[PDB]
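Below, in structure tokens: the form deposited in one PDB entry, a single chain.
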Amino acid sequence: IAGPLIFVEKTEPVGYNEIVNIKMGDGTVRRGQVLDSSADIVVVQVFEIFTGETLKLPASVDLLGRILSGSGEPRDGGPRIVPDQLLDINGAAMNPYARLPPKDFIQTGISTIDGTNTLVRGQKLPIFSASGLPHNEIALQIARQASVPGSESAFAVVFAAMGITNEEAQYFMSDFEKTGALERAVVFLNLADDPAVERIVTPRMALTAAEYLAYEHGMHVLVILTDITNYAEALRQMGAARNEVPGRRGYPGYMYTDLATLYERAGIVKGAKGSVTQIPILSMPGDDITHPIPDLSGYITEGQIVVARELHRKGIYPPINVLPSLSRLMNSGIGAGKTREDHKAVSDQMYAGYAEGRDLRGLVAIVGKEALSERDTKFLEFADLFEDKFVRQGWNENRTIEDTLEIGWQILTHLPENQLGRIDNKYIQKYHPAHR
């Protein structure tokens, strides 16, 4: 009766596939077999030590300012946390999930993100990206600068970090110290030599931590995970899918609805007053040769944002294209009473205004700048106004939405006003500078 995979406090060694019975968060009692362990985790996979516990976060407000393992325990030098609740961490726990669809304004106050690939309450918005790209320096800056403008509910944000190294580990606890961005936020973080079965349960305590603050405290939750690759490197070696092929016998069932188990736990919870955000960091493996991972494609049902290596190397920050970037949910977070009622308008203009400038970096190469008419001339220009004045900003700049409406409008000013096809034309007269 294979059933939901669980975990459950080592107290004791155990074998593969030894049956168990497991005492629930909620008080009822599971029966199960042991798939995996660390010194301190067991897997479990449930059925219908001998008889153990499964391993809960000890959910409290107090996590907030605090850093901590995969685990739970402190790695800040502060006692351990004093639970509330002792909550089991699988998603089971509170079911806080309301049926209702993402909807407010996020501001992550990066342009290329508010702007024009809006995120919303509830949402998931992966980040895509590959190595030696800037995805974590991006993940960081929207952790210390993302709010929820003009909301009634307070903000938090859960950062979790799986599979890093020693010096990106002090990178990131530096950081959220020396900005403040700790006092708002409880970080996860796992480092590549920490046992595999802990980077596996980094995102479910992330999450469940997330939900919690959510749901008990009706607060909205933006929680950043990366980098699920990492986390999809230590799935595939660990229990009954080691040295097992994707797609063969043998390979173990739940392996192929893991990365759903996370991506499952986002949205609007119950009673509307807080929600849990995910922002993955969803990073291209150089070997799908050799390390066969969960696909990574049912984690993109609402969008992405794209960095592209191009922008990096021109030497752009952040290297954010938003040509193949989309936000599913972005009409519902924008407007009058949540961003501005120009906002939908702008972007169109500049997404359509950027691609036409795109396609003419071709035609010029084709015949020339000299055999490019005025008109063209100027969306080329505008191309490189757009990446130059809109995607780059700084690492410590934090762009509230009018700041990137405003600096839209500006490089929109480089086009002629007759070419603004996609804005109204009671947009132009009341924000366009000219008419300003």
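Numbering follows the first chain given and starts at 1. Whichever C-alpha set is largest while still superposing within 1.5 Å between the two forms counts as the rigid core. What changes on going to the form deposited in another entry:
For the listed set 286, 315, 362, 132, the sole C-alpha moving 2 Å or more between these two forms on a rigid core superposition is that of 286.
Once both forms are overlaid on the rigid core, the distance between the two CA positions of residue 414 between these two forms is under 2 angstroms. In a rigid-core overlay of the protein, residue 399 has its C-alpha displaced by under 2 Å between these two forms. The Cα shift for residue 378 between these two forms, taken after rigid core superposition, is smaller than 2 angstroms.
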Given for the second form:
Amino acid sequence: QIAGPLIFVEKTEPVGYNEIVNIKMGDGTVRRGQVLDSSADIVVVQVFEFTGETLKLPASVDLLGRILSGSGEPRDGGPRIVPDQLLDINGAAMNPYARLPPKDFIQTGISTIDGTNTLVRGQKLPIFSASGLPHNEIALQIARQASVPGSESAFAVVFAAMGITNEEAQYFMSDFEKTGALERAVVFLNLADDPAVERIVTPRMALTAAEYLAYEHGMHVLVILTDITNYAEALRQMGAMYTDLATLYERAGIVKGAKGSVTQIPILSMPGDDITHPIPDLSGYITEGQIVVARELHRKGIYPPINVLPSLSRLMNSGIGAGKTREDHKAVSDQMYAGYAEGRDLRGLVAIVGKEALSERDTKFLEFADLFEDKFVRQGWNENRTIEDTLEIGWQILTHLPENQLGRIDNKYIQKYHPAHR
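Alright, leaving the form deposited in one PDB entry aside, put up the form deposited in another entry.
We keep it simple here and write out only the one chain, dropping partners and molecules.
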């Protein structure tokens, strides 16, 4: 009973609980069977190591501009979905992923990720959050801001929602259209009242969309997946999941031809006390780092309440330095990392020895931390700060420190750009 998989067939013939199916794969050779659960249109299988095509997504460039269900049903009101191609969703049978590392920077436009732990083409960088926090708000901002600068390959987004409230539905369905962010993105909208199975096929159909656009066309796609704790919830439940999620997080990367990529940012929250878990081990997703939405910053009323230094990007160096963003980048990042860390420490012995007993030096760091969260972290629902707006904002507030104790900034960079030497 321990066996993993969970493949999605499409109901062609009426089926029954745990009947053997033994069917398909997108190449013509198949093995293994046994139904687990189903709905009016689609069948979840699950297997071990009649009949019976794998569920396929209507593949077309005309997807862009449309708004879909977990099953890809025209939710935007318009006509049907006339498909150029028609491909297997459930981890496909395409595997368009080249054995290469991720590379070259993505401009989210928000500085607490672009400038301090940069999202890189073909990464998985989850938005580590919690109930109440504005992680959806901070997500669908970067849905209409993001781009790949100077990249010869065009850019595309796949926003995907899993079992959201039917009210916050036509919210996301409006923050697009208005901005014109839609006519660049395919949306996959799942509601809490949609058949529970739909929620489990919402990520696959999203991921499958991204792969068609990234490989068949030579594009850079970003896939945001809001509230993956609703996915874990949807799964009847656990066990024996841990491999089932690996089918999801495997589906990110740079494609063959190195002329496109699948880039992944899911949001992993936790509400308070979970039902019959508490959920989970989503730690299979963070393998390349994560970004941290914090309550501490939210509470004192700053946006986005992102906390650097708990946040991490492992592949940052593979899309940062010379002729990608700017040379000084990593060197500016080290100082703000260290200065905010060393400054966040001095908020401590402020409260242990009063605001005095605190050397002049330390008052600058103490203040830098204030300036850091005021200028650097704080950002409008919009201001699409480019890496250059971001990096210079950095120097703008790095000038509250003295020098030499800026020991992570290479003198070659201060003397080049530091607001004291043109």
